[PDB]
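Here is how the chains run, residue by residue.
Protein chains: 4
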Amino acid sequence: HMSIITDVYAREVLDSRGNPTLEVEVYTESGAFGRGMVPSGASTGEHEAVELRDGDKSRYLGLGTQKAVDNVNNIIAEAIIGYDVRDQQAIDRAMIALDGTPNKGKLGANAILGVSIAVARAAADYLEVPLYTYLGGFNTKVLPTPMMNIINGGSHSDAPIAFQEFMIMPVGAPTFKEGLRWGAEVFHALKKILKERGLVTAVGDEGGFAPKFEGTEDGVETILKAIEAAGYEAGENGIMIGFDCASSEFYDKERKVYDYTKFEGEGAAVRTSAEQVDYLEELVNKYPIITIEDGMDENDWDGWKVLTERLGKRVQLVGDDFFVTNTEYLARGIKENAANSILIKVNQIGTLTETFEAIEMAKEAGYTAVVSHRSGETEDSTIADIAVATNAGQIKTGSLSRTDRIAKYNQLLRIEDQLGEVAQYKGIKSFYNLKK
Amino acid sequence: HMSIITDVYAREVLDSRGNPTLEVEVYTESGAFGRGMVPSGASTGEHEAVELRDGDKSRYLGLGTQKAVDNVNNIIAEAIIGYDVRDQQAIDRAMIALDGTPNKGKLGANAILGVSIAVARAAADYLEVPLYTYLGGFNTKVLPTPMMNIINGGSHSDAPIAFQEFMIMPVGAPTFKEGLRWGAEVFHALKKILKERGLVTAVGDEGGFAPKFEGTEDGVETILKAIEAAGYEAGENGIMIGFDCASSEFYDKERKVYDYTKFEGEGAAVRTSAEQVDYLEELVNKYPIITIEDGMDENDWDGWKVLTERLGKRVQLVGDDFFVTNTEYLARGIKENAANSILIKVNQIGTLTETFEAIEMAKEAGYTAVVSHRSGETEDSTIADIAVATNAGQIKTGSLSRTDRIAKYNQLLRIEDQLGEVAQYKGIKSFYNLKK
Amino acid sequence: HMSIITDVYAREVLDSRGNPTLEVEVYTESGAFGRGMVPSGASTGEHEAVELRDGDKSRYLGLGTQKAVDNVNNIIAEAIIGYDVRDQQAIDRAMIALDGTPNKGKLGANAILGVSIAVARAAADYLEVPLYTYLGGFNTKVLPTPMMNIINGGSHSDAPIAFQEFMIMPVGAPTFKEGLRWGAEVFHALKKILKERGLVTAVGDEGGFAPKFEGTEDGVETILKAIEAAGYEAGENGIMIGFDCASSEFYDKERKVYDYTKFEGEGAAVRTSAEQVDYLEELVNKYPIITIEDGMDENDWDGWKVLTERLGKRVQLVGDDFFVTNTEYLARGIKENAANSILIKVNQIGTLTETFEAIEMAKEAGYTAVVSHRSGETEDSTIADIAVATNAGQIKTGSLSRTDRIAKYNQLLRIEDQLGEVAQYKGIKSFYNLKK
Amino acid sequence: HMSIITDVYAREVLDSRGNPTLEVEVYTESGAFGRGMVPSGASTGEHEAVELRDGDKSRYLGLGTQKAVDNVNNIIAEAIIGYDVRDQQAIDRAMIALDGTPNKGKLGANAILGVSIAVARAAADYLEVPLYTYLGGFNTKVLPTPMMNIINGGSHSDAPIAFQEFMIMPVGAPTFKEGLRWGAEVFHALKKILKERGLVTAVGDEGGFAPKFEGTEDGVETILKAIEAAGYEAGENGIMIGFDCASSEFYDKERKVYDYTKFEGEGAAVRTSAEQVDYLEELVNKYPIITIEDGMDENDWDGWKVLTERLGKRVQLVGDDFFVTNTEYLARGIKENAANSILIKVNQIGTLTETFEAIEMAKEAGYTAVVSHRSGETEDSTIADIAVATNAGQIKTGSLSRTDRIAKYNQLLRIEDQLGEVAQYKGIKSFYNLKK
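Residue numbers (the authors' numbering), protein chains in the order written: chain F, 0 to 435; chain G, 0 to 435; chain H, 0 to 435; chain E, 0 to 435.
Keep in mind that the hints were calculated from the coordinates and are not lab data. Hints should not be assumed to be uniformly reliable.
Because identical chains cannot be distinguished in the list, a pair is counted as satisfied if it fits within a single copy or across any two copies.
[To be verified] Derived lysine-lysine pairs resembling DSSO-like cross-links, with alpha carbons at most 30 Å apart:
1) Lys56 - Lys190
2) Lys362 - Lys191
3) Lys255 - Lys344
4) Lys304 - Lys105
5) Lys425 - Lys255
6) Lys191 - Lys176
7) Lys224 - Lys304
8) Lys56 - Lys191
9) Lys224 - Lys252
10) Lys261 - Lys285
11) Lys428 - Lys255
12) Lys428 - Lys312
13) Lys140 - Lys105
Make the full structure from the sequences, and use the hints.
Here's what the structure looks like:
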């Protein structure tokens, strides 16, 4: 009986940002082995999955993970030991039934996900195959095109700028290896411009800069000057730009209005939903834009309708906390024509099986699915294998600076080296929600 | 080095219908084993892949397969001995380059497909796993809705009817085992009706009936009597009806008109493409029709536009001789709004690698992909693994009497026994090209 | 303890003709494996073995196999787990004693046979030898001469013909491979003749035609015209003919007479037993005949004397419904000189051990033993290995049309390829009950 | 022959900071595995070992590593294939002789160190043991006291401060897990203070802060407020402060004086080596300073005597650029009474064999040896095994925010969980060069 699970075990650890997270171990009778450690995130006033926190301000300002450790060691392990390591869907179903709440409150979502990942990795170790081969089968061949943060704003900045982040995409490169060097050469040219201009060159959580630019146009124009200094072309033959607006922040519920005076001065505008659509369209006509993330409130459904009708033929429009990785909201979005793309976060839902379920549903509707990091991260590299296993074509994996970001790019370089002449890179052809 | 291929060997055997075909066997150093045998099928006037045949009129009327067996045993074997059994894509790509022609007519498409199917079955043997899990990864769960042939016409009968065949679908059922039961109870209730009327009950190549009906309305009203007589409801909560037109067989290439006097009486209609769409719409208004296949000619690209705008949100439209399992033609159809579904035949294209790239392109466009059988068949059951490995939700594999049909439905009863409490059957929910 | 049986398991499935049948699984402690699925048949008012049928007209018109599934899983498996996989005769004996009725009515004969076959196949998998080598030892060398059904009558036809079926035998060929092509070339020439005459070319359960011939002489003479069109010779140097009369049908018990007016017009004859012997002798003097199956009633024992005395030096005479594969009736037949040949059906008796017992007894008396299919069949090929394992020299395995028939011929081609230069084909010398 | 090295292979990858580095993989015949990736670090004007770089300005500004990868794959591999994996010292000595130069600048010190670290990881894999037990024998038990960076100055900030960085040590704590907790609760309390004052909270290369302080006293008195605000005591019973001077950077080579007007206002001091010792003594009399690093210039051998005789029984003095991990310079310093501690950097010297001979010579002189990190780093965690394999009792590895730091502190939480009731943390008892 070599494939039977003999034990599962958990301990407390730290993330990047120095806050308590959680790690899980799995062994078989043969001594095949896997580790699962969880990226950090919580939320409230929404149907996301819930983490446990200890709440005793004596330790780590109440942020410790000990009740989740106890749950793995005294309840889940007892019920899971004696399954086959390969019974993934029956294992993840047994955990949902065992918790028995809607949003995974008794056990916690952090406890359950770290079990779910360690089981998948232990099975790949038993069978002696790569983890993208275990997950996706044998068409696994397409390298994702990366969208990479370089400048920050809104709540992550002191500068007079509404939007949360700005990004570059190297859509014109011949391979993933050359595209990673196009990215890096623009990042080293931007740094030399900010030194000549006397601006801060330190970094935030995703590894990018937050300088005191003169306004929301000035960041965009500095990014284009760095692309030119690096020696490339702007537009579909070379490099292009994307935004995450996080627009649910600067929205007034009682006035029912978008109000730029939170992040910009007393002279900044007030805008209706029709003025929000008109403002987004001027930006799209003035600069090399290819994608916008959010751009409407979580609940401005009538605005998401008008926006998709105005811009959905030209530009990618992405739901994040609009959909929350949850299939019941995704379905209504597909029905009412509310976006053309979705962002994937494994810990918003909490199992591997419910995650792959949402990707196959989006794809059948002709939507794109983009896999993503969280702010606090570990030395885990699992989401790079999910991106290749499903041939999903795009990734959101941070800036060109820190190891919690760089480790994912370094794993993609080993997969493109393993796949040899089977390996494929799409560039602009990765946008099948456009090109229709 | 236990995983390495040690020898490849071919022989001549018979299909059902009683003509020569081909069979291949493959071994590893560990002594894992697999066998693959190819369905019998070629056609002329469009770019299907080409079968090799002996021209020798004195054995089997010149339908012999010994030159193909020589290509495997003297050329393909020495190219493939020394690979690992798990590397499907590299062995598939190497055979294509070794032939060097766009129609595969140096080595023969029949010789290339046998070696491709035998390698994949030895890999699932060597890994000790079910073949659908090997082909699809470990998110495999959906048993397909069947469309099952019951009555014939056109070139495949002597009754005055133009359309080539008729089908039923058990869309109202909870489980695959219950839908299979309904199909057998309608098939038997129809044979009791045909005997009471004084008509024949000998069966055709797919194991369905071909009586001398007076015309298409009598054939449809006959099927409707059997559903009532077994005790089920017609429509979306019980059984629905489906058609297949070989429309090119009575289309005039010179007069550019659809001339029913080819198979009906000399008093029958002579329709322009506008009048076709008006005619098929009058059938759909009258009867509970879910799907139509090849309902315009291979080259009537404009008539396919008009059919798709008129009917394409009510019913499924399937392209078979419009596409020939080829990505160049499905790509033009996607760009030009020409249908909403594709029929897949593994031996029209010639590898498992190209087959999975065709199912994937359709799914990103929002089209269904339907896996299918040939006229000449074998006791091999591999196309029922291809369905559940892709979660595709539809299969076409014939009637309820001959073992060349029943052996495909037997493998689906086994897969449902092993998935247990995880298993799904979608019913009417599978038409995600519609219901939007 | 690697060779101990670890478990045995059953499920419901379908046969050709779409009726419920039964399938059984066996595993050893090492994981050697075998499948056994049963061909379909029942009878009443005779000492044949009995099947269980569920009898609830709610499902499959009462024909379901669910009580036989229960018997395998809740009674037989308990008693059989813990034997060695090679203890064949002690296993078959434990099952007879467990049922404890004369005709296997408590458990069912279908339940018991599928266990019996799965055990034999599992043992061959454990020892790593071919199943004809496991069953017979190492003189296993003789390829059987086939008798191929092509035309049908009596209860299987609308035509004015008494006898149930007509067959060809390729006795003059140099090998089993050439003989299978002699058989196939006559089948394709017959189809072209029935097309010129405007007759039906569809098929029945054994894969042969049933056309509206003018009478029994027109049927025979059409078969001879097809042998000539195919380019061969009629008689011992080439191809010859056989009948199955099924004569127990057209027999009046109260008049004690053979009466042709059931299958032929009001002008057809009435015949005594002496006129039946006289009629069979005229047919035998006019055409290339070599074998007659039945030709007398089940109970016309006094008539079987006169027939064997009149024709037993010239022609093979075969018992089917006369002996019912049962050794107590065979013994009396040998004693009173009642036939010179017997037909073997594994499910009339129900174990492998009692089947080989009957073959050994017939051979010592100088009788031939012919192994046969049933009407409803599966993708099982076991009876082809029984035919080679005993060197029994003849087989009855259906027409040149459907996979439930063709799968047996395709297995014989692999055995003749494996045995290489050792392989032997007898042709006319296979008739040792003649040539005496 | 299962222990033998069968393959060794190199590739190009990225460091944190986003420049090219190098990675090596190694295999045995049994299929044991290891990987090693080198930290990015060279310097000029002293006898460090030499990195190889490509000169080519058109990739990565001439920082590319492809010539080094060619030296592994074309030269080192064919020399090392055929050794046993357990023979570290012989493989290390053979690489040194194959280069043939005293600075390792034929092959590159980056190429030599990768092969050296990958062999040791495959040996611990092949033996089934923890890496610290493999490197150190079976008397391994001491978890190291951490010195953790929090504030910057000199070349690494724009505040008017000469010294390069500041640290804290949790000397008052019972367990490594409790000292790590204190360090995180001071780091967070400091960031709350910097925000209340209106200063920046973006982080530098090691994940600490660099605000515009008014001078060195304000930086020290800022750290003191955070210790009080988290709730611990300054001094030998709680937390102690530590300094690092890059003092060569503001030393004058021609005037032979230490000139603070390099990094501070033009009114600042200009000190002779006597005045340096008087200044550092005035800091030590004022504040709880435990350790100082590079507090005199690299060539001020006489000033290092006077520093050591004045302070060397109160305070730890550490040589980094005074020694460059070289035994020739540590030997002169031992004979001439010039410090009491050494900083160890594995990539300054270039093998694991030479590294362990440097740690050993210091222990026999009564000096501490402190294992350390570079500015450019990777997700490799091997230096935390080196600390517990030698029982050394001190580690320098950076702040509490970025994963290039936190991955080293994560590996020490694992070692402490696995040693259980045997494990030790010495605290203030680790300074055995003092307390005498």
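Structure-based check of all given hints:
1. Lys56 - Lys190: Classified as between: cross-chain Cα gap 18 Å, same-chain 40 Å, threshold 30 Å.
2. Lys362 - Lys191: neither (42 Å within a copy, 45 Å between copies)
3. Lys255 - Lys344: within (29 Å within a copy, 55 Å between copies)
4. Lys304 - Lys105: Answer is neither: 37 Å inside a copy and 55 Å across each miss the 30 Å cutoff.
5. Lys425 - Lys255: Classified as neither; 41 Å inside a copy, 41 Å across copies.
6. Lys191 - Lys176: within (24 Å within a copy, 41 Å between copies)
7. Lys224 - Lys304: neither (35 Å within a copy, 47 Å between copies)
8. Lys56 - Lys191: between (44 Å within a copy, 16 Å between copies)
9. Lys224 - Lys252: Answer is neither: 38 Å inside a copy and 42 Å across each miss the 30 Å cutoff.
10. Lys261 - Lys285: within (25 Å within a copy, 47 Å between copies)
11. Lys428 - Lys255: neither (38 Å within a copy, 38 Å between copies)
12. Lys428 - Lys312: both (15 Å within a copy, 28 Å between copies)
13. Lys140 - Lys105: between (40 Å within a copy, 28 Å between copies)
Against the hints set out earlier in the document, violations occur for numbers 2, 4, 5, 7, 9, 11.
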